[PDB]
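> Listed below are the residues making up each chain.
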Amino acid sequence: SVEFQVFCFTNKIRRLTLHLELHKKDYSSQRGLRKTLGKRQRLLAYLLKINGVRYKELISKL
Amino acid sequence: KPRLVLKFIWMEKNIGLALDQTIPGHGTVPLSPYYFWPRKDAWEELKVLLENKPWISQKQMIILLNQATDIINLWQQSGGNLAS
Amino acid sequence: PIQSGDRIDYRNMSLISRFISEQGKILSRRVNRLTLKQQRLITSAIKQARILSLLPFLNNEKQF
Amino acid sequence: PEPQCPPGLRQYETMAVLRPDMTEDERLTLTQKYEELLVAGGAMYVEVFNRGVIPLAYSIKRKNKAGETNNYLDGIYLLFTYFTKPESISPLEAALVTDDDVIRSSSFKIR
Amino acid sequence: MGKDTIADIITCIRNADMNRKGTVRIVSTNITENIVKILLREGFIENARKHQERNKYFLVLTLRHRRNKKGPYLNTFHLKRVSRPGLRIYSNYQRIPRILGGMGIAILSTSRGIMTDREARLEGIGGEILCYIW
RNA sequence: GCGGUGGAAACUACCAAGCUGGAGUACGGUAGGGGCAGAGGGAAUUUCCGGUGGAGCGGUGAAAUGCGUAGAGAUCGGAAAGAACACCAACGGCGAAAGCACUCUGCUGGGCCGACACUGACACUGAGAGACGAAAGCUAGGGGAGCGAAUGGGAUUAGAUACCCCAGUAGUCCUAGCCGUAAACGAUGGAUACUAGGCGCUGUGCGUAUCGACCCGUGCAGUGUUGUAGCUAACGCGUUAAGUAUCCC
Numbered sequence: 021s022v023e024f025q026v027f028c029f030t031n032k033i034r035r036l037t038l039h040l041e042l043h044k045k046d047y048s049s050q051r052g053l054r055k056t057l058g059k060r061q062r063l064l065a066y067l068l069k070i071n072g073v074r075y076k077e078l079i080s081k082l
Numbered sequence: 096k097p098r099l100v101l102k103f104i105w106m107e108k109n110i111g112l113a114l115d116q117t118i119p120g121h122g123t124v125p126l127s128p129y130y131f132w133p134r135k136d137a138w139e140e141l142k143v144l145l146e147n148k149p150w151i152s153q154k155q156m157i158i159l160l161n162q163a164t165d166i167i168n169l170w171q172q173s174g175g176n177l178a179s
Numbered sequence: 021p022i023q024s025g026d027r028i029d030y031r032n033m034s035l036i037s038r039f040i041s042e043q044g045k046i047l048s049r050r051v052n053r054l055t056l057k058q059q060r061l062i063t064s065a066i067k068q069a070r071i072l073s074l075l076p077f078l079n080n081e082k083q084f
Numbered sequence: 097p098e099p100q101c102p103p104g105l106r107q108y109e110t111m112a113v114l115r116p117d118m119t120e121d122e123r124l125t126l127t128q129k130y131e132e133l134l135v136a137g138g139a140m141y142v143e144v145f146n147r148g149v150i151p152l153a154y155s156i157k158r159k160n161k162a163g164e165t166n167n168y169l170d171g172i173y174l175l176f177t178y179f180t181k182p183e184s185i186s187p188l189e190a191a192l193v194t195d196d197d198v199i200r201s202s203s204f205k206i207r
Numbered sequence: 001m002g003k004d005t006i007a008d009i010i011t012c013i014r015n016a017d018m019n020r021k022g023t024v025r026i027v028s029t030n031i032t033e034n035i036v037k038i039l040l041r042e043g044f045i046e047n048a049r050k051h052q053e054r055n056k057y058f059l060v061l062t063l064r065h066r067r068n069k070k071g072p073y074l075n076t077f078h079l080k081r082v083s084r085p086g087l088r089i090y091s092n093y094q095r096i097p098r099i100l101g102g103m104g105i106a107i108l109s110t111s112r113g114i115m116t117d118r119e120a121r122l123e124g125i126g127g128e129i130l131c132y133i134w
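Note that the protein sequences, when read in sequence, are chains o, w, r, f and h.
Taking the authors' numbering, the leading residue of the first sequence gets 21, the next gets one more, and so forth.
Taking the authors' numbering, the leading residue of the second sequence gets 96, the next gets one more, and so forth.
Taking the authors' numbering, the leading residue of the third sequence gets 21, the next gets one more, and so forth.
Taking the authors' numbering, the leading residue of the fourth sequence gets 97, the next gets one more, and so forth.
Taking the authors' numbering, the leading residue of the fifth sequence gets 1, the next gets one more, and so forth.
If you are wondering where the hints come from, they were derived from the structure by calculation, not from laboratory data.
Virtual Cβ for every residue (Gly too), placed ideally from N, Cα, C.
It cannot be assumed that every hint is accurate.
Using C-beta positions, here's what the derived DEER-type ranges look like [as the list claims (entries may be wrong)]:
(1) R158/f - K108/w: 50 to 60 Å
(2) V135/f - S48/r: 26 to 36 Å
(3) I89/h - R51/o: 40 to 50 Å
(4) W105/w - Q43/r: 25 to 35 Å
(5) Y47/o - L105/f: 22 to 32 Å
(6) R51/o - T110/h: 46 to 56 Å
(7) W105/w - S41/r: 23 to 33 Å
(8) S48/r - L40/o: 50 to 60 Å
In silico EDC-like links for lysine to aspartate or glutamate, alpha-carbon gap of 16 Å or less [stated by the list, open to error]:
(9) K154/w - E42/r
(10) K45/r - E146/w
(11) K142/w - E42/r
(12) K205/f - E42/r
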């Protein structure tokens, strides 16, 4: 299941970001946010590598 | 849990205290450790060995320590005097 | 030994105080002969009971 | 009986020691601030049972409201096996620091 | 399952018999099957057996020995790769080497299949030299 | 060498379609000084305030400067202050490294293990780039007990800007930044696959044993110590290689 990985990582970045911006100095979870961004980004380049229209739907969903 | 023997020896210069210890619910073999002629601590060495065991109950550790203490005590008095 | 099934809490002052000395200080794993897990868990529990003044931080020296 | 409700929120247990003097408004008023916690928490709040007063090791420093007087050797050992949301535990800490008959209140989180 | 499936088999051969163990377990892909097919028939090894473990067909391969010696195999096997991934090598039917005069062979990928120097020198075809053993 | 043209399809590439052991996710556990924030703690030290008592205390290789009849130090009580957190502490656990240990709470990272529960190669490395990055340093504001560069005095010394001693400022701590270096060391970039063992530790999993804690073997992951092969100029390293190979800087 791929779109649950992208969507799940998106909610991960939402909850972790609204953690981090009202907190502002945790330099440990910064790596977690950046590993999630990079991991999701290699997924988006993967599904963009496979398809057009379907990845256009992944952009249009979020 | 078997039960226990300190053996002391007094010769004028030198104490030895020798702690022979015994088994808990876990089958173990102690020696008798003999603590030695130089001024290096006998009670601390003995008691610490017992505490390191936990295999020794408090009553057991204490009774042997009391006997050990008594001999070190007699030894100190004889060394300060000449008893022999 | 003496795990006794129920977990070690600050409320269990039976197996705790078998682990401190009468001088009131924590004994190591090789003396108490437990696992690492038992040792750390009684460590945190003993220091909790140290906060609640159930246990002294120092016991006054005595002779005779 | 306790694993019924912890789909949704958390579980705690607060240890709080008391004055040794008063016998009235001690089981009463601290249960009334437990009802203040009931306005806050509202979960399976049971087993708030009391433990007998015994001599502790060493304690000073009551800090009454402008008293700063009483040393102690004894104290009533309350412990609340309560159950609440993880939100609003710091106001339980302020409630169990600021009040007079509660000194040295350490909460915990049993698993 | 690393980068190479041929340094897979080959490094399992070198690491197999440099510790004198006469038994190899490797994956059985198409080109591994072809190499052990053109390698059992050339006297280097003894037997290759396919089987399965979790329905994954593998090759266990029995190496050669001799009798009870200081080391029970005298001639050290000396396997070597040539066409590394990232540096492909290619030869005509001129460059195709007689290894040590012929005591080694150079297994290589023709358009026919994969041959040796005997079976690609008579053909006159050339191709990508996988590796040569000696 | 380049070009034209006719053939081959194993390998790289391509086109299409499946596959799962690579990689992830979902789930259930699990361990942790991972990080940050908030509360709370008690020894000890210093200073002040009282009661006592009266001549030294402190320091050293030996002394001295200092402090002390204005009552020192010592002892008991009373406050206040900041900083660090004894035993536990282990050849231990975690982090990517630097680092991280008084306890508790909150938010949150990461790891490990199982079942096929899912997708189907999504992988590795990474120029330039970006982040973090011990200590000392600097800007701004707090705070300042101990320690303590510079400094000052005493001593040793031919001399002493030094080792010793007595005072002692910046600094040490915290807030917000800058700085971006260290023997930042495992003096060992990362990743995958394969190649004896013994003795260990940590985390989980299965079976035995009891039916419950053990206890034995093990499946893995991580950490350590001797060590075969092989490598090495040697010392040594040796499944966590400095071995055999492949890739990337």
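> Could you work out which earlier hints the structure fails to respect and list their numbers in ascending sequence?
Going through the list in order, the structure violates hints 2, 8 and 12 and respects the others.
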